[PDB]
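Asks: The chain contents come next:
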Amino acid sequence: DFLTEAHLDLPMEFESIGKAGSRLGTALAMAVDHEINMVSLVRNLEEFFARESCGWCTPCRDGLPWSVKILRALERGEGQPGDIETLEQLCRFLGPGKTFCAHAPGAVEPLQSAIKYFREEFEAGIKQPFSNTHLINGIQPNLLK
Amino acid sequence: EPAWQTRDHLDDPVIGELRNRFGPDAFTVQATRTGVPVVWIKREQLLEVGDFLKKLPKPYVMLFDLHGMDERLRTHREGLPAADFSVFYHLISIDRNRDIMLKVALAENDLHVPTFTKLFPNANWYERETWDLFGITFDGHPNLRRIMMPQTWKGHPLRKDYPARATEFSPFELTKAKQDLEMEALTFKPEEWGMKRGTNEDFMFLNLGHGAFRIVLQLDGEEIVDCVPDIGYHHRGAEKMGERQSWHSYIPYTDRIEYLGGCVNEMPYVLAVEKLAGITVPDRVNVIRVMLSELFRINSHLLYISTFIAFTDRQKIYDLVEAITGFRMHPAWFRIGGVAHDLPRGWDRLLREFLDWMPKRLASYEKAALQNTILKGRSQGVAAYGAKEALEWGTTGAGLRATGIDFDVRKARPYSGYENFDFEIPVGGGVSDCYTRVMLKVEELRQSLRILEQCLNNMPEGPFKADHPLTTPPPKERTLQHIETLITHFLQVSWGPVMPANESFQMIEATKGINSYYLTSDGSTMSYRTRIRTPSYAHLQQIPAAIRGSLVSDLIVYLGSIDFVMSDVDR
Amino acid sequence: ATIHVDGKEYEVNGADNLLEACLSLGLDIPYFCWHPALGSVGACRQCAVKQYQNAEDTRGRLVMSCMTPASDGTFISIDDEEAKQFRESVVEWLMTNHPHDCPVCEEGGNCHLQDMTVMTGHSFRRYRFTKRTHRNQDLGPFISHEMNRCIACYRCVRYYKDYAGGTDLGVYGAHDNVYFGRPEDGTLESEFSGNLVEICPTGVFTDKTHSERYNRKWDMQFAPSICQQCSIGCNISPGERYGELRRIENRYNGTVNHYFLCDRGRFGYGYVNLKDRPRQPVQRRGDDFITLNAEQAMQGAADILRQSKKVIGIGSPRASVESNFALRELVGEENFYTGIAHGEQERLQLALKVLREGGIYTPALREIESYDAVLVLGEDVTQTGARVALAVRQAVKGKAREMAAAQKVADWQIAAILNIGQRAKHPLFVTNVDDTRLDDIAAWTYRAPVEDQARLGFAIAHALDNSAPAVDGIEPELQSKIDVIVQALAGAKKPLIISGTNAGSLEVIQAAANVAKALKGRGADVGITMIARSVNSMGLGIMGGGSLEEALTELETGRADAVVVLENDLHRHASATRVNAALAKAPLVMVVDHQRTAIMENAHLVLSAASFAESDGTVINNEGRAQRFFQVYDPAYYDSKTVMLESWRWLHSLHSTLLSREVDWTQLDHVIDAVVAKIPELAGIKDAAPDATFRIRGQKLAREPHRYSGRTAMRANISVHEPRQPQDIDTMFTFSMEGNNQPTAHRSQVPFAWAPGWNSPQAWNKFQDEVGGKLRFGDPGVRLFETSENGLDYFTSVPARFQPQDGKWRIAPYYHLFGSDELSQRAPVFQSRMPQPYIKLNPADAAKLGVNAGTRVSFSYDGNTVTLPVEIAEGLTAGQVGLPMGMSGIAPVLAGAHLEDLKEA
Amino acid sequence: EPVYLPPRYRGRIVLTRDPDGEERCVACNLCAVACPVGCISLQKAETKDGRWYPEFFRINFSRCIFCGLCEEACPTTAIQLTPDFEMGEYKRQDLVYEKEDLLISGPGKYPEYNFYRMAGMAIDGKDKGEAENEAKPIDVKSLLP
Ligand code: SF4
Ligand code: SF4
Ligand code: SF4
Ligand code: SF4
Ligand code: SF4
Ligand code: SF4
Ligand code: FES
Ligand SMILES: [Ca+2]
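Top line first, the protein sequences correspond to chains F, C, G and I.
The first sequence begins at 298 in the authors' numbering and counts up one residue at a time.
Residues 12 to 210, 212 to 221, 228 to 327, 339 to 600 in the authors' numbering are what the second sequence spells out, letter by letter.
The third sequence begins at 4 in the authors' numbering and counts up one residue at a time.
The fourth sequence begins at 36 in the authors' numbering and counts up one residue at a time.
No lab work stands behind these hints: they were computed from the structure.
Hints are supplied without guarantee of correctness; some may be wrong.
Unchecked claim - Residues from chain C shown here face chain F by an in silico Cβ test under 8 Å; the list is partial:
id: 1; residue: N212
id: 2; residue: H370
id: 3; residue: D371
id: 4; residue: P492
id: 5; residue: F493
id: 6; residue: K494
id: 7; residue: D496
id: 8; residue: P504
id: 9; residue: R507
id: 10; residue: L509
As the list claims (entries may be wrong) - In silico DSS-like links for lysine-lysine, alpha-carbon gap of 30 Å or less:
id: 11; chain 1: F; residue 1: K366; chain 2: I; residue 2: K176
id: 12; chain 1: G; residue 1: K211; chain 2: I; residue 2: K176
id: 13; chain 1: I; residue 1: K83; chain 2: G; residue 2: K278
id: 14; chain 1: C; residue 1: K171; chain 2: G; residue 2: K689
id: 15; chain 1: G; residue 1: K211; chain 2: I; residue 2: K144
id: 16; chain 1: G; residue 1: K164; chain 2: I; residue 2: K176
id: 17; chain 1: G; residue 1: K278; chain 2: I; residue 2: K134
id: 18; chain 1: G; residue 1: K211; chain 2: I; residue 2: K126
id: 19; chain 1: I; residue 1: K171; chain 2: F; residue 2: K366
id: 20; chain 1: F; residue 1: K442; chain 2: G; residue 2: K411
C-beta: ideal position from N, C-alpha, C; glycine also.
Looking at chain F on its own, in the form it has when it is part of the complex:
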């Protein structure tokens, strides 16, 4: 998980970082400066995690590319309503115990931490109205409210 400047005073232990919403991990921390857009960073992370999937289990194999495509759309300014909630549901349903191994929980940890802290950049990615269906001429669409 990403952590903020307020978390910088925590001792690098398993228990202290675990109580902060992250894991100590390999203890090799990486510093993100203010010039780095969080949506592009998380897009890079999810692109890595999606293409390093082994393909065995459905949530990682077919739910990390969905997050990658959403983050590419938000990075291009082509996001649509539903995208951030789809990212949050992908974070929820790729957690521990939902996938075969721990590649996908660790994959979606930066995503949920970035949506939790830097939600403004993700929300600024959304610019288009939602549409995944073209008009068929003789058929009147069912206008769901």
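Given the structure of chain F, go ahead and fit chains C, G and I with the ligands onto it with the hints provided.
Replies: Chains C, G and I with the ligands alone, transformed into the frame defined by chain F:
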């Protein structure tokens, strides 16, 4: 807690009263989606329970329905007593505005129930039909003969081992049936019909020729002493078709019951299927369904008033319905979860042109009805009954409200958002003759035009199909574009939608009274049981008890005054 | 164990996983990657339930029900909102890349993915991005490949590799571009590749033969039948549409063929749909062929039979028990001859004597998978009884199963089992004239002539028990390998000896009986399996009768002047010149057959019999199991002039017209009662299936699904008036959907599996008592005989070793799953899969002949010189020449014969 | 005077073509199973390029109740009910309309829809990945991770 939630209705006061009277172990309360407390009674306590319900402080006064069910192939019978067959009794209390369904379980080797003709006289025809179609005997019945099939019929067609489809035609049996129809007047035996004192010897037996049916008449000169109407000439086996079509593909058959109704007959079926499916439809669906049902009710009422005493008004309605649905008589347009299409661009223009042109026609109809002294001399005072006679015979609709009993389904038990529309219910005096019924139908025509004005004026914007996964079929543009919608459409039009196993019920105010669909799902893609209660059945059974001592012309006028069709009677 | 699902208490097996336990209770949990026969892996992540620590736990945790044991005091929720949400999410993630293909997909209406998409409640797409796509492969004539529809559930590779043992199907690639197929374009090599069309829950692997004449599942007319393509008797669901046989689906039988067929029985049904079949009785008058109806054909045949002095009847192992018995009644018991040769009959009756008198219990096909050691003697099991080869593979994997059970690893956790038992497997010892397809898992393979295989069997029996006759001249290295076999067979708890009549040696069967008797003498739980040649070979053996040679002798000597040939072409059991001369000598030949055979040119009357699709009957397994097969469709429903009756119906009416000069189209149960009255050893066939009066609460059993389409249009081009529904007086089934096919109905004959919400072959879970067990009220079929109380004696006729003599060439039989069977090789889709006619030679013999690989040599057998191209076989022994049995010009009766004048053409 | 029929009017049934001029029917048999009367009968054939089409197609119009459920069930919009009611016949056998009596030369009421532009199955003129919302097939031997 939606309206379609499975309930047991243990908070109903009838359950506490029955428990305090008969003991807690006397009956089994079943959880259904019928909206009704369904209790299973022992066969030996059945007349006692019926007599107890008849004498409550707000008594159950009307036997709404009585029929059978073949429970042999029903697998999901959890929480139910062991039954090979069952007989259900739907009883309606109007003062309480409640109803109860008693169920009697029967083994295959002992198919006989005590009769209700000493409590509710419409049980006569109901028990005759239950005997004809299921083979269940009712002990004490005055004449338990076949009512739907001919008397020389082998087997009981609503049993689960009886094949639904048509057997091979034979000219052999055809010429036998022709030769017994030629010799029927020569060999008329007046106890194969329930008659008595057959040839006094001044009495004459004739047969008379809204559908074609026979009625045997017993005459003292020109006075009617007794009559029995011979029905079943219009029997189509619609309930059997309910057991042999998918839930989606049974809709045209629902149209062809009460053929003047159209969408009015469509409505209770899709409402009961949506109760089975756990579907709540949006407001645009509710308003579309109300608008189409009121258009067809206006059409049926205009035909009834024109018959009793025209072509332009029904033509305008038929063009509007043809533009919306693609068909005039049997639109087949209501769907499970919504309607088949959205409203066409230009529906409001046609409805506004129909509503701006109708009130002057209504004023003309009221002039031709309430100012016609020849009609006011020919019609009133003849074939008249009060509230007590209408309640005990299951009379609904214009006759019941013409007896002064303020009972309409659209107000007492609202459905499809009828409580959002402001409309009045006309109720007459204490006398239900031809004249009062006709003026009640005229006032209902006025109120239906009010409902149509409210449908036109504030029509909701939104979907014409529900968001539910069981909406059959799904919206066509998503079907043609999206693979999961294509999958749902594929399996919903081929194998059929799977309704989870439950029992549902919906009663509506049809054009001729109260029409109800009682649907039993065994968890499959077809109906396990489709019970259709139609008002023309109960209205036709009241004909012998209403013209005792009238003349044959008075019988003809009475037949004209009752709004009925033979498809509604026989289904 | 005790589990609580959504607050309801259930009693289950604690050794099962929660998915199979909950499916056995009728609860619906969506699943893709789990199969009852393949075990649990946890790939698809679809079967999520919510587990709680105890009764007073509310938060829970999503667990995967196929990887969770159904232990005692378990608390799960299927209908939890989070579990339902996650299962819908898994379906959604699968749907993100799935092609918009359902109208043009052969799996539609039969698709497990369609069913689970509907069941999870997912019908709204919110994915707007692109779908991944894949190129397709060419997998041969039987399987059609469409990788777009794949959901990466790994069932195909798990089945084809871990279960069927095939080697040319795999998974390639990575993250979301995983590809399931062959490493290159080409035909799938496994004999059980056809079961991929039912293992795969999507439309990736589909029946190409059915795709040629596709119809949806709701449009089929199904019947429960028995596969006719060898002796194993696998239960099938043949389904027809518009008067032609369309598909062979697997019919679940927890005792025989549970989930799987072989490719021969699945794809060699196409002889039924041939357009040159007899469809009407035809009488030869001069050079004219007069078409008759049933009545005048019976009258003319009866008059000719009455004016003749002796009438003989030649049956077949193709025909049912009822048909062979009807011929036996028509011609007389002493005049009835089995249509097989004398040597084939001798081997068949020895196999029957070993089965029903040897005192060793013969296992069912399912029970073969529980034996601890397997010795296969002479029988090429993969090419003649293929499902026995698959069951042998499972029994071989039993060792890894035992090793994993020793470490307290559950039986469904197949990956842990395969990891613990790395390459350890139960001992398998096969013998053949060359290499087999079981050599990859065989602990030892012996390539030798049939005499030397029999001698190895006799030596194994002598080393197991010294009372068995000894074999002299065993080489020290062969004696060491015999000692290896003896140490493996003696230490096994459950040894199994498999042999059969296809090896062409009586002594191989005697040696197998000797090994089984020696193992039984040591107290071992030994079983013996015999592979017969045809579908009703053991039934024809139990019925008995003279050989084909005796019938030809009667015809040639003139003692018989009328011959009735039932479902026999007579060229696969005798020489064609002798058969042709003997049938040309007879003044009446009457062939009751459903296929245009070569003996119909000499025939004076041809009765258009019905095949298994157009007829009812009983056939006897290779293990002695009587099984009923029911008629699929009425042949006369579309073509009104088709007179294609059951063979026993023809023969019973011919007998009645010979006796009392009136036709009598009887009923099937009358013929069955006649069989069980006249032949007491066939009395078990009465209980094979119930009679025609059997009802489920008063209604017959439905042959076609309840949503059957086209009722008032499928025959409208012939006549707009709808004909009468065909009447089935013979069986409890009706030729309509006005009937019962409920999964909870008290029957054992299920025409097809369908439940509301389960339109796929996964609907079989509803028809079973526990999933992967038996059918809910028992499997169909009945064993004719029990295990005898007393055994046989040791066979002391030990043959001498094979001596390769100059000029002669011992014909070594090679069998092919596609080509050795007669009717299946007539099916037009098999000619692509058929091997080319190749005569196999040793390198030494071919070098002596001056012949290399591919050049054509000519040899004369029975005065007939034929030419075949030479294939070099290293595994063959010198002095032997390899021939493919059952192909064109090579009768299976040549197995063991000698050859003359093998020279280059 | 001629009778006016609205565009939704449920009359004589036709099989239509796509904008390319080929018949829209893929012989999926959904219309036949959705027919409550069972008066549709057809058979699937395939072209050399793998295009599914009806080998024959027949409608028993003496049985047909003109309910429009087949058109509603068609997922290619091939089968349509057109505003035409003049179908009286001398013989009932002539009321069985074969494919030559049903296949019109145009798209009917739906002027643009093409099911084979949306299906993933490869036909002639549409290779793999050339349909709507479909990426090009990535070869499994690709150098990219
Ligand atoms: S979470 Fe692990 S097991 Fe699942 S696909 Fe990803 S890398 Fe493979
Ligand atoms: S595999 Fe199933 S869901 Fe996919 S296209 Fe075929 S029928 Fe449709
Ligand atoms: S090809 Fe079929 S069985 Fe194999 S992984 Fe894909 S969907 Fe599963
Ligand atoms: S093993 Fe034999 S009986 Fe079974 S499917 Fe194959 S050919 Fe048929
Ligand atoms: S309109 Fe209705 S009855 Fe006519 S072919 Fe179509 S589905 Fe069948
Ligand atoms: S539903 Fe449409 S595409 Fe499918 S078979 Fe019928 S007309 Fe053809
Ligand atoms: S069935 Fe359990 S995860 Fe696939
Ligand atoms: Ca038969």
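Asks: Check each numbered hint from earlier against the structure, then list the numbers of those it violates in ascending order.
Replies: 1, 15, 18, 20
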